[PDB]
Amino acid sequence: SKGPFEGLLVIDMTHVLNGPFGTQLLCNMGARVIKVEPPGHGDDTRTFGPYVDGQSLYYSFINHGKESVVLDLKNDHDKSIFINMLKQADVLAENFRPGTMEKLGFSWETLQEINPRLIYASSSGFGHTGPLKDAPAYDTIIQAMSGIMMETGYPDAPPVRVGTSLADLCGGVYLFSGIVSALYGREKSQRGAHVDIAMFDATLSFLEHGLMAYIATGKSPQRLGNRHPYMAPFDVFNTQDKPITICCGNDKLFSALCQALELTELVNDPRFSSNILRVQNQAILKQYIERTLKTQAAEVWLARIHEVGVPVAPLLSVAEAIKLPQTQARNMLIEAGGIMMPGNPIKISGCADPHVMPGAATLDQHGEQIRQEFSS
Amino acid sequence: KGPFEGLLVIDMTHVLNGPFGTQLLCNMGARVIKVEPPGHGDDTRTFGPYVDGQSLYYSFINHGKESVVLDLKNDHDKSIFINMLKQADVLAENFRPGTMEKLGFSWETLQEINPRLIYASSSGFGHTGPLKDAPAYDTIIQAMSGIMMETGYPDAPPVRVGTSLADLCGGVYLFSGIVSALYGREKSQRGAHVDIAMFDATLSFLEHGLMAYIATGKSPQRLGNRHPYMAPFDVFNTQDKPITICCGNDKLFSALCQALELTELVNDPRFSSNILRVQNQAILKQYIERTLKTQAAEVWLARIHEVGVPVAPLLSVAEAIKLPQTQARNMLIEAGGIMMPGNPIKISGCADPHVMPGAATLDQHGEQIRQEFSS
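Note that the protein sequences, when read in sequence, are chains B and A.
Residues in the first sequence are numbered from 6 upward in steps of one, following PDB author numbering.
Residues in the second sequence are numbered from 7 upward in steps of one, following PDB author numbering.
There could be a bad hint or two in this list.
[As the list claims (entries may be wrong)] Simulated coverage check for chain A against chain B, where a stretch passes if three residues somewhere in it have a Cβ under 8 Å from a Cβ of chain B:
(1) 41–50
(2) 57–63
(3) 107–115
(4) 163–172
(5) 208–214
(6) 243–254
(7) 326–338
[What the hints assert, rightly or not] Below, a list of computed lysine-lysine pairs in the DSSO-like style, where the Cα atoms sit at most 30 Å apart:
(8) B:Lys138 with A:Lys108
(9) A:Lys257 with B:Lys79
(10) B:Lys193 with A:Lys7
(11) A:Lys7 with B:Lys138
(12) B:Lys7 with A:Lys291
(13) A:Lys92 with B:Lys7
(14) A:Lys224 with B:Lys328
(15) B:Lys299 with B:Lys257
(16) B:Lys193 with A:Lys92
(17) A:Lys108 with B:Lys193
(18) A:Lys291 with A:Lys224
(19) B:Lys257 with A:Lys108
(20) A:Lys193 with B:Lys7
(21) A:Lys79 with B:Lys257
(22) A:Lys193 with B:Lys92
(23) B:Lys247 with A:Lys224
(24) B:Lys328 with A:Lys247
(25) B:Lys299 with A:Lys224
Hints were generated in silico from the structure; no laboratory data involved.
All C-beta atoms in this analysis are idealised placements derived from N, C-alpha and C, irrespective of residue type, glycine included.
So that you can see chain B by itself, here it is in the shape it has in the complex:
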């Protein structure tokens, strides 16, 4: 089977990262996705680095399998075509600044009149409501205002961005989530709804410990770096060559670790005998640990620590991560349009998950046939 959304029509006006990441998932799991791109260069990601064979890897990664037609909604003929699309469509998705779609003549209220069964999915930095709805909201801006920058990095170091476009991506997955939720709900109600996702809201929901601690203690930010707030030794540690993470969450495990490091004297040491004590005295404990670790390469410790049954792992680069046998076992690296790119992490039995997939479309590639299809 080609997925649970096979037979759905998505009219996709999304661009950049936040919107298209969400719609890619719908396409991954069966839905027909027609990318409506504006005149000019089209979707902004066609002009994004990096490039392979003159073609943006950025566009390809998050638009593979999506058809492409250039439409100009300022033109009445094109507008007529777009409306015919909407009448056949289940989902209209866009991540323009709030108000953009309304000014082209497509408020949520007008959309309902066009198609009562149409799901309207919106994604933006702050959502379509609130005092900050019209404010600029790049991923970096959202990361800054959400608190995640100040929660991130070594405690004495300056605040730093998460190593990826977290706000955009959170918005994307919640966009996809909201859409499917609406599709399920529509099934009984027989009416569409407006899914309105904010990148800012999305990022707030990923704060976890940063917010919990504040609500209870009044301290903010936390800034814990690599170490766990409530367990120790549970942190990133250096070795002779390269760092590893040791996650030692209880007394039984601490004893095992000490055995493997030949630090058995620390097990009943009054500084380290219980977990709460090890958390309290984590710094001095780490000094003991890294002094022993520095005498052997990481690969030696991975063997010795794992042997005694303590959770441990190397710090890998993206390159190393995608080359792991596990990645290939999970089909998380696919080939689409002859390009290697990340796969679909949502695995559902009875749904095909091909390693080879249809590639991304060139600009207005399907424009001729699509214009014919929806002209009337």
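Guided by the hints, dock chain A onto chain B, whose structure is given.
Frame of chain B; chain A shown alone:
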């Protein structure tokens, strides 16, 4: 009150990854019955910090879920648990792979207990692959996925992202996977097995990190706060606290130079284009901060917004949740007296109240539920 009204979720998930997914279902109308081990309950009940008796960690991600204790090794309970499954729409668990099977509940067995049942599992590496039975806390996943290596200032050691990203990713993927299967079932009239890996989930969030590698063979990238293709597009210090300036074209750069009284930079051959500003970003940043350090951040936010250049303060979590925008989006709700994050999925026509039912004490619904499902 939401699209999932009328659904029954049997929830055996614990810690963060699994419950984050089911909390979303509960938020949007599903009846979620949390099945906890007798005595200890969900591990998060004994996670700090504590407020008025309850664990904040538990309450944040389990508010509105009913609580029953059951021992699936005990026959009387296993029988009640089975009656639950025959009426359930979804069974969710985030144990280690094989655990649910060893208790007598393979996907195969589950299928013939209730052919319509959606079985959903979240784990460190999924239920398939050579690393399926490997230890996989959030920190281990971040380390092995490449995200730690991508995170932090360029010449600084690798660092975890400031949250449990792997668990949360798997969480939302678990939720979205469940609801996808539910839509599918509405035509197929049959259940399916949703199988999410925190590792797969995290890899899908690598973005520019993985693209750049595929393109150039270099890895990691480590760019810190700086955009790879636009300048000045970075975090900058002021007299008191940092801000971010996100200036992506020449028109904006001219406007920004006006606000900072650095008009001489506009036609400077080092900064005349975006490509040149990226090449010479370091020295450009030095010029910018020398000016910025003369005024407090509030002053600069005003001056730079005035000329239409995207700018923002770096805020603590404390300041973020107090913004009027947060209140406008109902992202800080109260459940059982405790302030906590709201639901980012806003759907028109679906209720989104500020006051929600609080977390359940252990076995709180146990007597009434065990009656309800004894047969």
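The hints, checked one at a time:
Only when three residues or more bring their CB closer than 8 Å to a CB of chain B does the claim for the segment 41–50 of chain A stand; here the count is 0, and the claim is violated. Against chain B, the segment 57–63 of chain A contributes 3 residues with a C-beta closer than 8 Å to a partner C-beta. That satisfies the three-residue criterion, and the hint holds. A count of 1 residues in the segment 107–115 of chain A with a Cβ less than 8 Å from any Cβ of chain B is obtained; the coverage claim is therefore unmet, three being the minimum. Using a Cβ-Cβ cut-off of 8 Å, 9 residues of the segment 163–172 of chain A lie near chain B, which meets the minimum of three, so the contact claim holds.
For a cut-off of 8 Å, the count of residues in the segment 208–214 of chain A with a CB near a CB of chain B stands at 6, and the three-residue condition holds. Closer than 8 Å: that is the beta-carbon criterion, and the segment 243–254 of chain A has 4 residues meeting it against chain B, so the requirement of 3 holds. Counting residues of the segment 326–338 of chain A whose C-beta sits closer than 8 Å to any C-beta of chain B gives 9, which meets the bar of three, so the coverage hint holds. Taking the CA atoms of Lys138 of chain B and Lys108 of chain A, the gap is about 51 Å. The hint is violated against a cut of 30 Å.
Between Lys257 of chain A and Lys79 of chain B, the direct Cα distance comes to roughly 25 Å. Compliance with the 30 Å bound is thereby established for this hinted pair. With a CA separation close to 14 Å, the supplied pair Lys193 of chain B and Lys7 of chain A stays within the 30 Å bound. With a C-alpha separation of about 25 Å, the suggested pairing of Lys7 of chain A with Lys138 of chain B holds against the 30 Å cut-off. With a CA separation close to 50 Å, the supplied pair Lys7 of chain B and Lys291 of chain A exceeds the 30 Å bound.
Of the supplied pair hints, the one linking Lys92 of chain A and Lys7 of chain B holds, its CA atoms being roughly 28 Å apart against a limit of 30 Å. For the given pair, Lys224 of chain A sits about 14 Å from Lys328 of chain B by alpha-carbon distance, which is consistent with the 30 Å threshold. Taking the CA atoms of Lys299 of chain B and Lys257 of chain B, the gap is near 24 Å; set against the 30 Å cutoff, the hint holds. The suggested pairing of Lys193 of chain B with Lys92 of chain A holds, with an alpha-carbon distance near 22 Å, which does not exceed 30 Å.
For the hint pairing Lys108 of chain A with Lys193 of chain B, the CA-to-CA distance comes to about 38 Å; that exceeds 30 Å, so the pair is violated. Restraint check for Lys291 of chain A and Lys224 of chain A: the C-alpha separation of about 25 Å stays at or below 30 Å, so the hint holds. With a C-alpha separation of about 24 Å, the suggested pairing of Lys257 of chain B with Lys108 of chain A holds against the 30 Å cut-off. A C-alpha spacing of about 14 Å is found between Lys193 of chain A and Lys7 of chain B, which places the hinted pair at or below 30 Å, so the restraint holds.
Restraint check for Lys79 of chain A and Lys257 of chain B: the C-alpha separation of about 25 Å stays at or below 30 Å, so the hint holds. Among the hinted pairs, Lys193 of chain A with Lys92 of chain B is consistent with the structure: their alpha-carbon atoms are about 22 Å apart, no more than 30 Å. Distance check on the hinted pair: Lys247 of chain B and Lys224 of chain A sit about 18 Å apart at the alpha-carbon level, within 30 Å; holds. At roughly 41 Å between alpha-carbon atoms, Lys328 of chain B and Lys247 of chain A are farther apart than 30 Å, so this suggested pair is violated.
Pair hint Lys299 of chain B plus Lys224 of chain A holds up; C-alpha atoms about 27 Å apart against a cutoff of 30 Å.
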